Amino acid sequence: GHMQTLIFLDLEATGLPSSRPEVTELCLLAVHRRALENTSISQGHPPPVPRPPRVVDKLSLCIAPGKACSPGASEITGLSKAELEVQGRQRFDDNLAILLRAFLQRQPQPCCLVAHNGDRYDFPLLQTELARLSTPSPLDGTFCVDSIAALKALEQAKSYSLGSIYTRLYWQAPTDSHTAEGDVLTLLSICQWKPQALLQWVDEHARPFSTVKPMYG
């Protein structure tokens, strides 16, 4: 193997891809290769939801968008533009790129971002947000993978919503759905089910983030 760090990633946004959305919240949870492994393969029917590894770097940030959240977007995320602005949240800017860079630089390399439906939503959107900045992309040099593709490959070797996958493994609803941190913790739990097979698949399929096409722009 060779990916040293998996960075679990989720985003909330102002709306669907067709509306040309902006990020309103993002979470990164960096776990070393070995901390993932040294969960068990979780035994029980159903198994208990595992505790995260002890050693973890986490970053969760709310981001003011330049356009308004759609009606449904505010209901499920519990974020709004007005509420983000009134609490002094800054836009997706150069300073956020430096924070992101400095955080990534603390992780052993190579690093692979891992996101649920990442190839269709999170990565394309993140690529668009960063392409607005004057600074070089902090995710240049990092890899990425979609956890849905991972889980279809591991499983097969009907709904694939994060919630549905989680409740099938654990027999409990996930908590804090559609919060970036909540959803990252939920995905981490799902990825602790067979972490050794996961890592093997990720080492096979990780692709440069630089080859992610932007959602729009």
Given for the second form:
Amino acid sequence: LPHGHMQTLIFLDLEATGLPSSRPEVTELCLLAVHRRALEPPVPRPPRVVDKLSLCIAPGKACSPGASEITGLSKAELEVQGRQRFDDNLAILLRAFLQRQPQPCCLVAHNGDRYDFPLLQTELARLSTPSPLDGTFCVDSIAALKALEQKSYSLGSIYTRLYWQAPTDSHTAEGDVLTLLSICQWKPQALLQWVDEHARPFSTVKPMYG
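Would you mind generating the form solved without thymidine-5'-phosphate (TMP) now that we have the form deposited with thymidine-5'-phosphate (TMP) bound?
Lone chain follows.
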């Protein structure tokens, strides 16, 4: 194994203002931390023991029509609800939340490699403080499920393919994280093996934009 056995999997989803060339900004973030042991067909229930963090974040630029349509969030409404920007205080919060998880820790996000990870890297890079994620590992769950399954690889398509019922989470970062968790609990042992074999340092994720 490249980096030992992952002790925590943190299921992650970011929602944002638009697609990568638009130089988007995060508008919502959910982390759901699960211990390796809590992982080790009826849709699986989440483990009893989990840590969860879900935050709405005011962006500096407007959401695109499509972004607002899909995420149900807009810059205007985030500001009327007094949401703060992606800022130093947020980094304090993330660092403390990460500190409570046993290490090595691995982020897991659907399409993380092409979207969530580089965007997170970019948001954290503009802060004065070093990234709270520099000791953390990551994997993309699209690749994971492609390997476990050997077809659409959208989140809902996978879920329905495995469980033969429609997904029932909200259209939110947390809803997407919960659906992802369910999918990852389909073959938990095999998923953990794939994660262990394929985990890579978040510090090697290239920022989406600079």
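We call the rigid core the largest set of C-alpha positions that still match within 1.5 Å between the two forms. Residue numbers count along the first chain shown, from 1.
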### Task
With the two forms aligned on their rigid core, point out which item of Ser60, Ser177, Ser164, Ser70 shifts its C-alpha by 2 Å or more between these two forms.
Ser177
### Task
May I ask for the C-alpha shift of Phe123 between these two forms, in Å, based on superposition of the rigid core?
0.1
### Query
Following alignment on the rigid core, what Cα displacement (Å) is computed for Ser18 between these two forms?
1.3
